[PDB]
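For chain F, the structure is supplied; the task is to place chains D and G with the ligands on it using the hints.
One-letter residues, chain by chain:
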Amino acid sequence: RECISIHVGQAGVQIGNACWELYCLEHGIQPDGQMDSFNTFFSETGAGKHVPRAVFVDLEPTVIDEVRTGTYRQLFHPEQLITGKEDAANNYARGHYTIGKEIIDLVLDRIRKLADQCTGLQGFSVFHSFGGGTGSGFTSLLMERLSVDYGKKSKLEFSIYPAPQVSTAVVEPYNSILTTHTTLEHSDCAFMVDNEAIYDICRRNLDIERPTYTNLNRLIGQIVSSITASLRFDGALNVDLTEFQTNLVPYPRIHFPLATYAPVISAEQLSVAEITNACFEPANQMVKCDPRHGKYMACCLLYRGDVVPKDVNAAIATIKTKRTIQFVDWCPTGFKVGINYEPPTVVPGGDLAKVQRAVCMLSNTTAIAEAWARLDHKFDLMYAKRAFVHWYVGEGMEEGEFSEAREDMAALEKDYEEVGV
Amino acid sequence: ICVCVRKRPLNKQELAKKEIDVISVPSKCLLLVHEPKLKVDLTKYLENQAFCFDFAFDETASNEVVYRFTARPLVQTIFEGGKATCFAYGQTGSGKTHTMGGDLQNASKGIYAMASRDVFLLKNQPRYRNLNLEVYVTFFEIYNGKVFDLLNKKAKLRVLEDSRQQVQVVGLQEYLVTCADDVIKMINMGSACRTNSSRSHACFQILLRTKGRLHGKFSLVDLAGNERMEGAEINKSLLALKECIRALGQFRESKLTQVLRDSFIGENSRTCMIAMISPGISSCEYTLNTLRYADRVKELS
Amino acid sequence: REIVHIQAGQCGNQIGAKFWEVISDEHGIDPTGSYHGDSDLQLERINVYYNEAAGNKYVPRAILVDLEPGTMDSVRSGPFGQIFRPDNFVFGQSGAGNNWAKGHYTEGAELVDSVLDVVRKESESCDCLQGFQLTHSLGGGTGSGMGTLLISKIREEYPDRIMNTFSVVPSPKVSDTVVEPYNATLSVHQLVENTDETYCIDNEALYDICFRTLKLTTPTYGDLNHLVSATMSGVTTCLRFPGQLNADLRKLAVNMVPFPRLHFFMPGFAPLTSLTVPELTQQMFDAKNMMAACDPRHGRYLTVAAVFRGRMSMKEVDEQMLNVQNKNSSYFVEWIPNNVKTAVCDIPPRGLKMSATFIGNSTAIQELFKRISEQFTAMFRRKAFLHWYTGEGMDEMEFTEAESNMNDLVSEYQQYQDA
Ligand SMILES: Nc1nc2c(ncn2[C@@H]2O[C@H](COP(=O)(O)OP(=O)(O)OP(=O)(O)O)[C@@H](O)[C@H]2O)c(=O)[nH]1
Ligand SMILES: Nc1ncnc2c1ncn2[C@@H]1O[C@H](COP(=O)(O)OP(=O)(O)NP(=O)(O)O)[C@@H](O)[C@H]1O
Ligand SMILES: COc1cc2c(c(OC)c1OC)-c1ccc(OC)c(=O)cc1[C@@H](NC(=O)CS)CC2
Ligand SMILES: Nc1nc2c(ncn2[C@@H]2O[C@H](COP(=O)(O)OP(=O)(O)O)[C@@H](O)[C@H]2O)c(=O)[nH]1
Ligand SMILES: [Mg+2]
Ligand SMILES: [Mg+2]
Numbered sequence: 002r003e004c005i006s007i008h009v010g011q012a013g014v015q016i017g018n019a020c021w022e023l024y025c026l027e028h029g030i031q032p033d034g035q036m047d048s049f050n051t052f053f054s055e056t057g058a059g060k061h062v063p064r065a066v067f068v069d070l071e072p073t074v075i076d077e078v079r080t081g082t083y084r085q086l087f088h089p090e091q092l093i094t095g096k097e098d099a100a101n102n103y104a105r106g107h108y109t110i111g112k113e114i115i116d117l118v119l120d121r122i123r124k125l126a127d128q129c130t131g132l133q134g135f136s137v138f139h140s141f142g143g144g145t146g147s148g149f150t151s152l153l154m155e156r157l158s159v160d161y162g163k164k165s166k167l168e169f170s171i172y173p174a175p176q177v178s179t180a181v182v183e184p185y186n187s188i189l190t191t192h193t194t195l196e197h198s199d200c201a202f203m204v205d206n207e208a209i210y211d212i213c214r215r216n217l218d219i220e221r222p223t224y225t226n227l228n229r230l231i232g233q234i235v236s237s238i239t240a241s242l243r244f245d246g247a248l249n250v251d252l253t254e255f256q257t258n259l260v261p262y263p264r265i266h267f268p269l270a271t272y273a274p275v276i277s278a279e285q286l287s288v289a290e291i292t293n294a295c296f297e298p299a300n301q302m303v304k305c306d307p308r309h310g311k312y313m314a315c316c317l318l319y320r321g322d323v324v325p326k327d328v329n330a331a332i333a334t335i336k337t338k339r340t341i342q343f344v345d346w347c348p349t350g351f352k353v354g355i356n357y358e359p360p361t362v363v364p365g366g367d368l369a370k371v372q373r374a375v376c377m378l379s380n381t382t383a384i385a386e387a388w389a390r391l392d393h394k395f396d397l398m399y400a401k402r403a404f405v406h407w408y409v410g411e412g413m414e415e416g417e418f419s420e421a422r423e424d425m426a427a428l429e430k431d432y433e434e435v436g437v
Numbered sequence: 073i074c075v076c077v078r079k080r081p082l083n084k085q086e087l088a089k090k091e092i093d094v095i096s097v098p099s100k101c102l103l104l105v106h107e108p109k110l111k112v113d114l115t116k117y118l119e120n121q122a123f124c125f126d127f128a129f130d131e132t133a134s135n136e137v138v139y140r141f142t143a144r145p146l147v148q149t150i151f152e153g154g155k156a157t158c159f160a161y162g163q164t165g166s167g168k169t170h171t172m173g174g175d176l181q182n183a184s185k186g187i188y189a190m191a192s193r194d195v196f197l198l199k200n201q202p203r204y205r206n207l208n209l210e211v212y213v214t215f216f217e218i219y220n221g222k223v224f225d226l227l228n229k230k231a232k233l234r235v236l237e238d239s240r241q242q243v244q245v246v247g248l249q250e251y252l253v254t255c256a257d258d259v260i261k262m263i264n265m266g267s268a269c270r271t280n281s282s283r284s285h286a287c288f289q290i291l292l293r294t295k296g297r298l299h300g301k302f303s304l305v306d307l308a309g310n311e324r325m326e327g328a329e330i331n332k333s334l335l336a337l338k339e340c341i342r343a344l345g346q353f354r355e356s357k358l359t360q361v362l363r364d365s366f367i368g369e370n371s372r373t374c375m376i377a378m379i380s381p382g383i384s385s386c387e388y389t390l391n392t393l394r395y396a397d398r399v400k401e402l403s
Numbered sequence: 002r003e004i005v006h007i008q009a010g011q012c013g014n015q016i017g018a019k020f021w022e023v024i025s026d027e028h029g030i031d032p033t034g035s036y037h038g039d040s041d042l043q044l047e048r049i050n051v052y053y054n055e056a057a058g059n060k061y062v063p064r065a066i067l068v069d070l071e072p073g074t075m076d077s078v079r080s081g082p083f084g085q086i087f088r089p090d091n092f093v094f095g096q097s098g099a100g101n102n103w104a105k106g107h108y109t110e111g112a113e114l115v116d117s118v119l120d121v122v123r124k125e126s127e128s129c130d131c132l133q134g135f136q137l138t139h140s141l142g143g144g145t146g147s148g149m150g151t152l153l154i155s156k157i158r159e160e161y162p163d164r165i166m167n168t169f170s171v172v173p174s175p176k177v178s179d180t181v182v183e184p185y186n187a188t189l190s191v192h193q194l195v196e197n198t199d200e201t202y203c204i205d206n207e208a209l210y211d212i213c214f215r216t217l218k219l220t221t222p223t224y225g226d227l228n229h230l231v232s233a234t235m236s237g238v239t240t241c242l243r244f245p246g247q248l249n250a251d252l253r254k255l256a257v258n259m260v261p262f263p264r265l266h267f268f269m270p271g272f273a274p275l276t277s286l287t288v289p290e291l292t293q294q295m296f297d298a299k300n301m302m303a304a305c306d307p308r309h310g311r312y313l314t315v316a317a318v319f320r321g322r323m324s325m326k327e328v329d330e331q332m333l334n335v336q337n338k339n340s341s342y343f344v345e346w347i348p349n350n351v352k353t354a355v356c357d358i359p360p369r370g371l372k373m374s375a376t377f378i379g380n381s382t383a384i385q386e387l388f389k390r391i392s393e394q395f396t397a398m399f400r401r402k403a404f405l406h407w408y409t410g411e412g413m414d415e416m417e418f419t420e421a422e423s424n425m426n427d428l429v430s431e432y433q434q435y436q437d438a
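Chains as they are written, first to last, in the deposited numbering: chain F, 2 to 36, 47 to 279, 285 to 437; chain D, 73 to 176, 181 to 271, 280 to 311, 324 to 346, 353 to 403; chain G, 2 to 44, 47 to 277, 286 to 360, 369 to 438.
Simulated from the structure, these hints should not be mistaken for laboratory data. There's no promise every hint is true.
What the hints assert, rightly or not - Calculated pairs, SDA-like style, for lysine to any residue (alpha carbon to alpha carbon, straight line, at most 20 Å): (1) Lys338/D <-> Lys116/D; (2) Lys111/D <-> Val437/F; (3) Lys109/D <-> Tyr262/F; (4) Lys401/F <-> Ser126/G; (5) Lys109/D <-> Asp424/F; (6) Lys111/D <-> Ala385/F; (7) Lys401/F <-> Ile347/G; (8) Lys304/F <-> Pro348/G; (9) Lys96/F <-> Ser126/G; (10) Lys401/F <-> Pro348/G; (11) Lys299/G <-> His309/G; (12) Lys116/D <-> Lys352/F; (13) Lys338/D <-> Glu414/F; (14) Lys326/G <-> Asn226/F; (15) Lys304/F <-> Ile219/F; (16) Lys111/D <-> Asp199/F; (17) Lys430/F <-> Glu119/D; (18) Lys430/F <-> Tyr117/D.
One chain only, chain F, in its complex shape:
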C-alpha cells in the first residue's frame, strides 16, 4: 500500500533531491503542488497539493537549506526536513553515538508522524552514503531503532560505495565496514552504487571531462526511478516490496543485487535486442567488478517503455547463445521479466536524452563480493596500525567493535564465495 522514503546525510539528501524531482516529472506534478497509483509515494494533502512521503535528515543545515531554497521549496512540509547544527565530523562513532543520540528521537518521531496517515504501510526506502559522517553512523542507528518500532515492515537501503576519485576521505573504509556491519542484520535488501562506476559511465557515455555530483545524481536518479517505478504505477513488475525482494535475495545475508541501466546516451532508437545486450556488459554496471568471473543466483529484467514480450524473449534467447550464462548450481535461470509501458521521462536541461525504451536488470551475483574485498583490504591495511582508530575511541567506541565488525566482513566474504557450485 504505502511507502516512506528517508534520506540521511549529504549524499543521501542530494540523491533523493534529484530522484524526487524525476518522480515529479514522471507523474507530472508542477513543483508548487498539484497536477491511487501515484499514491504509493505521495499523500494528497490539502485540497490542492500533492507532497512526498519523505524525510530528510542531516547533521548540519547547508544541504537541506538549499532544498528549502530552490524550487521544490513548496513541495515538502517544513517538518519533513530535519537539520542538526553540529556536524557528523566524518566518523561513524560520532553519527552513531555522540552527535546522533541528540537528533534520533526527533527524527524517529516525525517519520512516525508520516506513517500515521498510511492505512497499512509497507516499508522504508533509505538513501545514505557508505563512508561519510552521518551517512554511516546515523543510518545504522536509525535502522536499529526502526526495527524496534516497525517489526515486520521491510527496509530497503540504497547505499553509495565510495571511490578514490569522486573524492572520499582517508577514513572512509573504516566507516563503510563499520556501518555495513551493524546495519546488515537489519536491512532486507540493499542496492549498492559505486561512485567509480557512475563517474565511469558519465565519461564513456555522456562525455563529461569533469563529472559533477549534480551530474552523477541525475544518472543515479534514473536507476532508482526504474527500480521503484514498478510499485508506483502500479499494476506491472515487482508489486508490494516483499515480492520484489522474494525475487532477488535467496539468503538472509541481506544480499546486495547488482544493478545495470539500459541505454545511457547524451542529448545534443535503440533496438529491444540491443539494450538487453548492453545489460550483460561490465562497462555499464553500477558496481565496478565483473560477473563473467563469479556466478548468478537470480536475474531480473525491468523494462520501461514501448516493448512487447515477443521480442524480450528472442532477445533473451540470443543473449544466452554467445554469452557467459554461468547460472549457479541450485537455482533455476530466473528472468522475472517486468515491463512498464510508461515511457522513460528525463530531466529537461539534463545531459541524457529522451529514449524510446530502457531496461534495468537486477542480478544477485557472487561477483559483487569483489567490492567487499576492495574495501576490506583498505580497512585491514590501515587497521594494521590503528591508523585513525583513536578518533573513534575518542567519541566512546571500543577497539573491540572494530574487530567485531571486520570480523563479520571476513564472514560475509566467506558466505559469498561459499555459494559457488
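Below, chains D and G with the ligands without anything else, positioned relative to chain F:
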C-alpha cells in the same frame, strides 16, 4: 619474553544461561577456539582455530600451577639484579584480578602473594644471603593517565621525566616487608581501595634494595579489560605495551609504559604475558582479539 | 560552523595582523566599513571568521593579547587598526619576559583570566562554535608561555571544540635571544598535549626562502611575515570560501592526523615574494619551498592536503597531482590509502593569477624537533642561563621532563618510517 594463555571455566551465570564452552586446550602449548559460523545459506559449522603458547592452561589449572610456569621463573631474575614484569591481559571478567590478586579476595592465593613467598625463600638462600637485601613493596593504579597510590589512600601522584629520559613517580610509598604475612596485608589494603572491575591498571611491585641502590624489581600488572571514551587511553596503553615488550627482544607513549619504562630498556630484563580467556560462545570475538594480540607479543621471541 | 581567533605576543600579533588585513581584502572589507568589490561569493562563510556588529560593520572575531603595550598600538596605528573591537585588546603593562616562565606562571597568570573572560564572551556569542586558532612564537615568552597557558586553560573550559595553532619555531639565525631553545622546548611539550593540529612556521626556513631563493639581502621581519601571511590565507581558504568541501576543521583534523600526538604540519606555498600548474606542483612539493626547515626526502609523508587557487582546469590538477606521487611514489607511506587530497578554489589571492598551497604531515618534521633539542641539551647540559627560570619559580626537573617528552616525539616520528 614468555607468553601464556589461561582458560577459566564457565561460571554459574554462564552455565545457567546455557553458554556453550568453545575453548579446548588439548596439550600444554595448544589452545583451540571452536568458532561458531554460518555459511551464506545459514548452514552452521565450526572454524576451529589453533594457537600455540609457551604454556596453555585449561579450566582445571589452579593459580599455583599458573604461577609456577609464569611469574615463578622470573623471581630469580630480580635476585640476579634484573627487572621482571608479569602482565595479566584479557577481556573484562576473564580472570585477570583472580589470578594476580587472589580468588574473587584471598590475597594468599594470588600471584602477588605467591611471588612474594618465593622472594623471602630465595633471599634466605646461601647464594643470596650475603647480598644483605631488604624487601620493599608498592601498590598503585593507573587511571586516565593518572597514577594513584593504593597504599597511601588513592593519593594522586606526579610522574616526571628528565632529558636523560628516566621516569620517576614522585611520592609513591614503598613499604618494608619482612614476611609474606606483611605482603598479604599490603595487598588486602591496596585491593580494598582500588578503582570488582577494571577501569584501571593495577601494578603491585616487589623491590630489592641493599645500600641506597635498587638491586632488582618485579612489577606484577593487573591490566584493564582489553575489550566514557577512556577506552582510548586503555587501547593506547595496550598498543604501547605491545611495542615496549617487543622492543625488549631486540611508540605513542602512555602512562603505564612510561612508569614501567626502566623495566623494558635494560638488557637484564624479562617479562611474561598471561592472556586470560573467557570460554563462552558469547565471548568468542573478545577471545580471538585477546589471542591475536598475544600472538604478536610472543612473535618477538 | 564558526571560529574564534586568539592572537598573542609581539610575533603572533604582527603575524596575525597581516593575516587579518590579507583576508579582509580578499573578502572586500574596509578598515571599518563593509563590502566593496564586484565579487559575490566572499560573504557565504564570512560568518566563520567575522562576528558582525552595529549597522553594516564587520569586526573580526579576534582577541589581542600581550604583556607590553607597544606591539598592540603598532597595530591600532597601522594597517587595519580600526577594524578590531576596542575592548577586545588585552594589554599587559608589566615586564614582557622573553622567558617562558614569566608568561606561563608569574606575569602570565596575572592576565589569563581577563583574556579568558573575553574569549568567553566571543565564544558564547557564537551561534555554533567550531574551535579556536591562535598565533604566537615558540621562542621568547609573552606568547610562547602565556599562549601555551591560554590553551591549557581553553581545553578544560572547551574540551569539546578543537585547538588550532600557527606557531613560529625559532632558529639560530634571525633571533633576539640566547634562550629561545629553552622557550621552544618548553612549549613544544605543551603543544603536543593540548592541541589537535599545529602548523609549523620555521623562521630558519623563512629566512632561507627570502635570501637563498629571492635575492632579498637583509630580511626584515616585514618581507618574511609576507610569507607566513600569504601561507596562512592559503591554509584556511577552504573553510572561509566556496561550497566544495566546507571544512569542519575537525574533519580536517580527523583526516590529517593519524596519530594522537597532534602531528605537526609543514606548510608550503606556490608562487612567492614581495605559473603553468605542472610548474606549480613541481614547486609546491619542493623542499626549497616548505615553510619549515626540513626536506621531505629524509622522510615519508603520513598524509598530505593541497589546495589550489584561480581559474584553472581540475582535469590538469588531478593529473599532475597523481604524477607527483609517482615520480616520487616511494615517499608516500603505503599503509594509508588515498592519503593525498586536493581541493581547488577559483578566487585568486593578492596579485597572483594562479596559486597553490600545501599542508603536510611528514615524518621529516622530526628533523626540526631534533635541531631545537640539539641546542637545548647543548645548553641545559652544564645548566646554562637556567637560573633565570629557577628564579621565577620553576623546578629543575620540569626541564628534563620537557626534554624527555620531546625526544620521544622524535623517537615516534622515526618509528613510523616503517612498512
Ligand atoms: N553519488 C553521490 N555521492 C556523494 C554525494 N555527496 C557526497 N557523496 C559521497 O558520499 C560520501 C561522503 O558522504 P557524505 O554525504 O559527505 O557524509 P555525511 O556525513 O552523510 O554528510 P556530512 O554531514 O555533510 O558529512 C563519499 O563517498 C562521497 O563521494 C552525492 O551528491 N552523490
Ligand atoms: N580460574 C578461575 N576459576 C574460578 N573462578 C574464576 C577464575 N578466573 C576468574 N574467575 C571468576 O570470574 C570473575 C572474573 O574475575 P577477575 O575479577 O578475575 O576478572 P578480570 O579481573 O578478568 N575482570 P575485569 O576487572 O572486569 O577486567 C570473578 O568473579 C572471579 O572470581
Ligand atoms: C581547512 O580546509 C580543509 C578541510 C578538509 C581538508 C583539507 O585538505 C584538502 C582542507 O584544506 C587544508 C581535507 C583533508 C584531508 C584529507 O586527507 C588527507 C581528505 O581526504 C579531505 C579533506 C577535505 N574534504 C574533501 O576533500 C572531501 S571530498 C575536508 C576536510
Ligand atoms: N616571522 C616572525 N617571527 C618573529 C617575529 N618577531 C619575532 N619572531 C621570532 O619569534 C621569536 C620570539 O618572538 P617575540 O615576539 O619577541 O616573543 P614574545 O615576547 O612572546 O612576543 C624570536 O626569537 C624570533 O625568532 C615576527 O615579526 N615575525
Ligand atoms: Mg559527515
Ligand atoms: Mg580485574
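Consistency of the hints with the structure:
Between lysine 338/D and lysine 116/D the CA atoms are separated by roughly 35 Å; this puts the pair beyond 20 Å, and the hint is violated. For the suggested pair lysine 111/D and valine 437/F, the alpha carbons sit about 14 Å apart, so the restraint of at most 20 Å is met. Distance check on the hinted pair: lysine 109/D and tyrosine 262/F sit about 15 Å apart at the alpha-carbon level, within 20 Å; holds. Between the alpha carbons of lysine 401/F and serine 126/G the distance comes to roughly 37 Å, so the proposed pair goes past 20 Å and is violated.
A hinted pair counts as satisfied when its Cα atoms are at most 20 Å apart, and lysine 109/D with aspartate 424/F qualifies at roughly 10 Å. Annotation: proposed proximity of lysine 111/D to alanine 385/F holds, straight-line Cα distance about 14 Å (limit 20 Å). Our distance criterion of 20 Å between C-alpha atoms is met by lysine 401/F and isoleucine 347/G, whose separation comes to about 9 Å. Under the criterion of a C-alpha separation no larger than 20 Å, the hint pairing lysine 304/F with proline 348/G is consistent with the structure, at around 18 Å.
About 16 Å separates the Cα atoms of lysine 96/F and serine 126/G, which keeps this hinted pair within 20 Å; it holds. Taking the CA atoms of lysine 401/F and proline 348/G, the gap is about 13 Å. The hint holds against a cut of 20 Å. Under the criterion of a C-alpha separation no larger than 20 Å, the hint pairing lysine 299/G with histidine 309/G is consistent with the structure, at around 14 Å. This hinted pair does not check out: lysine 116/D and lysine 352/F have alpha carbons roughly 31 Å apart, beyond 20 Å.
Restraint check: the Cα-Cα separation between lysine 338/D and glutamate 414/F comes to about 18 Å, which is no more than 20 Å; the hinted pair holds. Straight-line distance between C-alpha atoms of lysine 326/G and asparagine 226/F comes to about 16 Å, which keeps the hinted pair within the 20 Å bound. At most 20 Å may separate the alpha-carbon atoms for a hinted pair to count; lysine 304/F and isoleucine 219/F meet this at roughly 19 Å. The suggested pairing of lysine 111/D with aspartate 199/F holds, with an alpha-carbon distance near 18 Å, which does not exceed 20 Å.
Note on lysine 430/F and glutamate 119/D: the hinted pairing holds, with a Cα-Cα distance of about 12 Å set against a maximum of 20 Å. A hinted pair counts as satisfied when its Cα atoms are at most 20 Å apart, and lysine 430/F with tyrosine 117/D qualifies at roughly 12 Å.
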